[PDB]
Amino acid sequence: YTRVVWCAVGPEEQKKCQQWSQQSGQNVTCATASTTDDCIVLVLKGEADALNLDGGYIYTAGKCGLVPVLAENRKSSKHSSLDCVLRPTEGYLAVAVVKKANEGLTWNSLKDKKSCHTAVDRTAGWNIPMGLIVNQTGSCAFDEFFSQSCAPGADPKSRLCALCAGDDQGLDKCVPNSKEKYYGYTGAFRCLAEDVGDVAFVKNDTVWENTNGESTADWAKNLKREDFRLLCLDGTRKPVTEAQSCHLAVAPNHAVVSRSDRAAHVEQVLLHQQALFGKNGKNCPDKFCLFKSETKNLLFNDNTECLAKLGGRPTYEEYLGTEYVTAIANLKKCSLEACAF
């Protein structure tokens, strides 16, 4: 029964998984794929059991019958009395971020600028900002709004990939895994920090975690919060301290998904794995920490306090919420109810 196959996206997640596999005594083992979509296909086939997905991929997976099992829960200020595992999730803030020094760039002058996105099909990097831009321009030509972008997972020959860098060697340009230099929350924010793009579409937490010495990475060493501004939907620009009043949307947390018939068994194993390797785990500082990987967000986001039970045993639609799923569907009309595989 009780062995789980985790699906890793790309070589760096594979290496973290192998460490996790070793430390867990083979209670968890690892399958690897090059994209999140390929990982979803392995799960459907029964060749892997589970992986942690962004809200946008939970929508893809959900249509194919996969179900949310546990959600990432980060440290909050309210609901404090309750344990992390039983605490309701709060969601994260999708923001658009620019350099202070890039004056007079607001939400209404984004057209023909250079953009940095986490990956195609992701909540804060794609679904929210592009959904808003389609609604606002009344056009599905979102591939023509920005002059140049890095949007991992789009056509490498297109302008949506012009700004992506690939790996050390310039290989794998625009692949939607951490081999691409500008992939993910951290990568899209690096794309901005290095002045490759004019705007990054990330979440509030990314700015804080990579500025003011919170990251020791070479590119983030000297970044100061005051050098950045959030774009609000009313045309204003605000300090990064003002995210609660200047965000594009609130996003549902990343969540572990699995096949419906495997859900209960994945849940049981993961709850025990976190008692051992989670934030306060028997073995975390010492042997291995599940929620660490030097700001790279491998398998799980680094700011994760725990994986939390869901409560209300929600479907993927209830988990994502009616607001979010209607945004995705309206945007999906640009690029029809059924599994994409």
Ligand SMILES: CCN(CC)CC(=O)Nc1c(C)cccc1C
Second form
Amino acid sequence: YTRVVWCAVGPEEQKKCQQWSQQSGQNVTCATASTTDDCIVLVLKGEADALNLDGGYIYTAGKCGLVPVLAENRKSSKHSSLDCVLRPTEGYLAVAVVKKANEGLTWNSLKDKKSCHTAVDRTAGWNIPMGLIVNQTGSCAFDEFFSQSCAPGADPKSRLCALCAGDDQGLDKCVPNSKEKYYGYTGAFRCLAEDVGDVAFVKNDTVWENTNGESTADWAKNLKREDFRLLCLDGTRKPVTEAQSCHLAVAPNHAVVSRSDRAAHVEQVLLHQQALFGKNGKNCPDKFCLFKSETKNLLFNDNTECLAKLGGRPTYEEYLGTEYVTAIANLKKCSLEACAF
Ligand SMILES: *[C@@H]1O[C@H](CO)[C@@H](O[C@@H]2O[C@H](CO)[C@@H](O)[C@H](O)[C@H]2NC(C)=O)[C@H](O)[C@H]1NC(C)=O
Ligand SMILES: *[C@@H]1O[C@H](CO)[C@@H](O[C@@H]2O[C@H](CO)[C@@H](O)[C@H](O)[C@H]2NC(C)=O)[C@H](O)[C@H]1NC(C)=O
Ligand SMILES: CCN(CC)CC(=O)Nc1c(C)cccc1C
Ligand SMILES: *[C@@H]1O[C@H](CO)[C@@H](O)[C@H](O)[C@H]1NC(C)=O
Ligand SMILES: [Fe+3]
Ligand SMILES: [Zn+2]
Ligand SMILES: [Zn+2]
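Could you please show the structure of the form deposited with the named molecule bound, as a counterpart to the form deposited without the named molecule just displayed?
Let us now look at the entire complex, which starts with that chain.
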């Protein structure tokens, strides 16, 4: 039974998965795909067993019968007596970030600016802000709100891809995987840091992890938190230290999904895998560390303490929460039930 086939998205996650595979005695093996949607299809076909997904994709996967199995849990200063694997998930803060030097830019003056998104269909980088924007303008032309953007996964010849740069060679412009320079939390923030965009739609944790010497990548190496500002919904700007009172929403954590008939087996293998390669696991950091990838968030986010049990044996709708599930349905009206593949 207990071989789990992970689905990696892109060549970089593939490399990391191959390392995990080798260190696991081939308990985990790897399948690769160019996009998250493709990976979901591989899981539906039964050619892969699982992968960690942002909440927006969990919505896509859930409609096709896939279920949440274990969720990412980061550091917290409450619930601590309880062990990480048993602790409830706090969710993360979706935020809109701008440069302080870019004075006078607020939530009320984003029209015609340049934006940086993690990817299309993702929670913090797309679903939350575009949902909020459609709603406030009473219009579905969200592709004409910003003058130019980098929204991995949109038509590469549309304005929503204009700011994306592709890989080393300019190839793969706008693909929704790490090959694209401005993909994901880190990529979208880089897009803002290099002044390619006016605002980045990421999470709270991204800002802190790539400023004040926390990174060391050459583009982040000199960034300082005082150079950035959060855009609050009230038309006000605040230091990044004010996220708890200046965010767009709380997002449910990224979670591992698998086909329902495979959930229990995937779950067992993963709990044994994090005991070996997790934060203080038998072989981290001496041999391989599952939750570390040099600020690239490959397979899993780098700030992950552990993969936690769910409790309540939640369906995907209960896991995402009815608030966030109606938000996505209304936004997708711009482009009630049925699986896409
Ligand atoms: C937003 O994100 C930062 C980092 O993810 C949080 O600050 C971390 O908080 C932990 C304890 O919760 C501290 O021990 C770490 O030292 C902090 N990290 C760093 C790198 O500074 C912060 O709690 C979050 N703020 C809000 C309002 O959510
Ligand atoms: C966009 O607006 C719609 C319409 O109000 C929001 O959907 C509603 O959300 C509330 C709160 O969850 C429910 O009580 C309503 O029933 C929903 N209405 C409809 C028509 O479905 C949606 O939340 C908004 N999107 C965002 C991102 O805020
Ligand atoms: C960590 C995964 N959670 C998602 C929130 C499973 C859950 O169902 N948790 C939960 C808790 C702990 C308290 C109140 C309400 C909810 C539903
Ligand atoms: C692989 O899984 C098997 C089955 O439980 C376990 O006995 C073995 O020790 C595991 N090895 C590693 C390194 O995970
Ligand atoms: Fe996310
Ligand atoms: Zn809030
Ligand atoms: Zn239930």
